[PDB]
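Missing here: one protein chain of the complex. Every other protein chain is in place.
Each chain gets a letter, A and B, in the order it is written, and its residues are counted from 1.
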Amino acid sequence: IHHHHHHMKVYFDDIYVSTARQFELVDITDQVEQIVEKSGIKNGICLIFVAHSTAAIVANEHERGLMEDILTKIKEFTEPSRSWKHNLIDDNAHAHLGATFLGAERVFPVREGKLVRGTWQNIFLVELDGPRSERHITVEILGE
Amino acid sequence: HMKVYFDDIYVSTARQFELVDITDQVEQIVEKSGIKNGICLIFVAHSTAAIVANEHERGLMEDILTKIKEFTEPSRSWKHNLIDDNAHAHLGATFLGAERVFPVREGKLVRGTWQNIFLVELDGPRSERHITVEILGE
Partner (left out) sequence: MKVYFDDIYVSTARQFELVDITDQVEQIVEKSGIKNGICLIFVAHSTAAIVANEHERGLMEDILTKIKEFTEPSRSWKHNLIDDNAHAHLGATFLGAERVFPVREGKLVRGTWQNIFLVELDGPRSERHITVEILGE
């Protein structure tokens, strides 16, 4: 269809991650960026979303010490060793709590063809209940 | 052209701290929008409530509220409590956020099997919590 008016483009792609540890941060920034480039959309938004209740999406600086701090703080906050009521059923209440607070998604601007983000703003999958063989991240670009 | 669709969910809350599952209502609105590919924004225009997503299991729901309470400290002499007694609710809402955004893909709200959508009430009872639901897409 040869459009003649500005119109909404929506482009989807998917990133899969296998996680090795119970708590893990996995940098997905370059994969998200490649999908933004692949979309051909110049101006819009990029939604990065996990359909998982024991993982999350965050954005911060890729420095190995900090990554350890992030996971240490998440662990302290969620209390994996606590007798949460959900642990009667499962053993991952802490993971659900972390994900609930952190959120399943982050939204970035896409501008003049580029993901808008800081020099030290990388995108991470936050695993709180690994190892998992398949964490699925949806990447959606929406715009012109 | 593009499509933007709005609807509204109104919820009365009974307890000071409460989780209210609105998954079905959000799904209905996605369906009624007719939008096949886009996004679904679920947003509360309230500073003492929030929108979260996680598993509808009643133990976990208790856990979430317990954690929120412990984190926000309702009994603490926060400075806002000089004006009114709900500083904790503001803090929890600040941290949790007023909105969540979900993909809409091939006509369906994209969400996990154990990912339900909740209004988080931190200062109830309230007669009217207003959730805006917006679907934007093609």
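Here, contacts are C-beta pairs under 8 Å (C-beta built on N, C-alpha and C of every residue); 3 or more make two chains touch, one makes a residue touch a chain.
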Candidate in contact with the missing chain, chosen from A:14, A:69 or A:91: A:69
Among B:68, B:98 or B:109, the residue in touch with the chain that has been omitted: B:98
Positions on chain A where the hidden chain makes contact: 6-8, 43-45, 58-61, 63-66, 68-70, 73, 77, 101-103, 106-109, 111, 116-118, 120-121, 142-144
Chain B, residues in touch with the chain not shown (by the definition above): 1-2, 4, 6, 39, 41, 43-47, 71-72, 78-83, 87, 90-91, 93-95, 97-99, 101, 132, 134, 136
